[PDB]
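Form deposited in one PDB entry, single chain, as structure tokens, below.
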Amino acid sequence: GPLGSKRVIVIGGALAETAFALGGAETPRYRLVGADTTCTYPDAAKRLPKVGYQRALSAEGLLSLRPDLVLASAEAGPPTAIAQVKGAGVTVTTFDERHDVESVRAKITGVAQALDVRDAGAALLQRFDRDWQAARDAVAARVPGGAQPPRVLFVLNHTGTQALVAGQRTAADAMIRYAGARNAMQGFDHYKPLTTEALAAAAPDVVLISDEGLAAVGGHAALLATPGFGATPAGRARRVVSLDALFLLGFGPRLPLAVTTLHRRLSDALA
């Protein structure tokens, strides 16, 4: 349009991945100029000046980068910061997050629409869909452990000796199920502090944690010494899988690889 090339800011790591996956840092139609701190992939994202954590944005910092457009994840906030950006006349297009493959496909087509690169969107979607079918095939070939879907506990983080764990309506729950496994935690949504009682009942076969969470707790031995973890199937077998948080949980264009990778890791762990 008459605005020419647009300066774009992206909030949400998977959105940034989507943008970069359509055709690099700057194209004829747009240039990415800023992001929130969760946008660490690929190297071009990591390079962008950052304007706060995605839930604690600096509206002033963001506006100082003179955006024409902001692509914002469902998690972008707080509301007063978003409102200040819109009030300065900047277009803010917000995406949904449903933690499923269709929701990623909507990010692909939605971001490509917002950036006026329909053809690039369609090409990326076709690649993504081919890769997704392959990932489905890889998972379907063999259940990790070779029997019924194994029980996996996802730890986000710890406060002291207490782990914060994923129930339903989470990225982790969806990823565990895409990889042919079952969430060891059932009966609640979102994240909740894990009680040793809930943990004994959950009886995980594998503990899954992000690289960041593993570092925060002090490593593998530290994690397994968390109260209650030893006396579980995973603890007895010392069965831990780590993956990078953005890659594991982001629900972006690497979803097929992320699911293949989680399934490989769980499969190795349950050899």
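Definition used throughout: the rigid core is the maximal C-alpha set that superposes within 1.5 Å between two forms. Residue numbers count along the first chain shown, from 1. What changes on going to the form deposited in another entry:
- Of the candidates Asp96, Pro79, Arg130, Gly146, only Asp96 lies at a hinge (point where C-alphas switch from fitting one rigid part better to fitting the other better) between the two forms.
- Superimposing on the larger rigid part's C-alpha atoms between the two forms leaves the smaller part rotated by 10 degrees.
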Second form
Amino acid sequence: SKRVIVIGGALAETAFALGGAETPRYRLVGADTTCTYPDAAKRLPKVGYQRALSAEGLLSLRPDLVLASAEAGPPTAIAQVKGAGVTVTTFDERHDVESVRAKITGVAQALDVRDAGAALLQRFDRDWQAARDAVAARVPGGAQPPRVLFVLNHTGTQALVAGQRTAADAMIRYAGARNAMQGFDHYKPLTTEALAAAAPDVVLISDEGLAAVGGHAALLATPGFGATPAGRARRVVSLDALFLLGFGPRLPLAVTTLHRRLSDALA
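In place of the form deposited in one PDB entry, output the structure of the form deposited in another entry.
Lone chain follows.
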């Protein structure tokens, strides 16, 4: 009965896994375009994109409650939605396990399925221990931690690269590798010099980013890749964007999948 909109794919994932989607107290009525999992989230109508929201886009679905990533914005749109008397409950994006725990627990609370939350949390904590043990047992590539560059270019308009304090940086480290980009936070444009300075062994990119530019050959013919080990060896790994970067209940499997795929590419 209370109308809910979720902003941030991980939060929608959590909401659905928890059976919080269609209950007598809370109905999920919309989401942003990062909400692609599970299939029920695909079906929700969309308000826009997490980081380029319009207040009207959100408000046209008449929400009573918004569950929102701390990275949702711009800030004026979030503030306009609160100013419209809508409750907005915000979740941190600290890119660690505590962040996912707070999503599981916080979404359970906001949606009033606390018990399903405790069961998912417990199951998550055990999967996570299994993921960490599997990574600790083998450095991907068999030698030193490989240098991994993350390319962010979801729509193909502008290739960006990941520095520190990003989901990508955290995922790279969790998977037993090192971020080839060092010395700045967040994202900056991909340039020939940024590639040469980073000298990656592997290029990581989302499935969607890779397909937006036309595939592996288009990516590697980008000027500057030829001077990098990853470019000479044509080493490109891709995962679904939400799965890789979302910091949701599938974090353990994402970390293990990224670990496995880095190893395959390096052997």
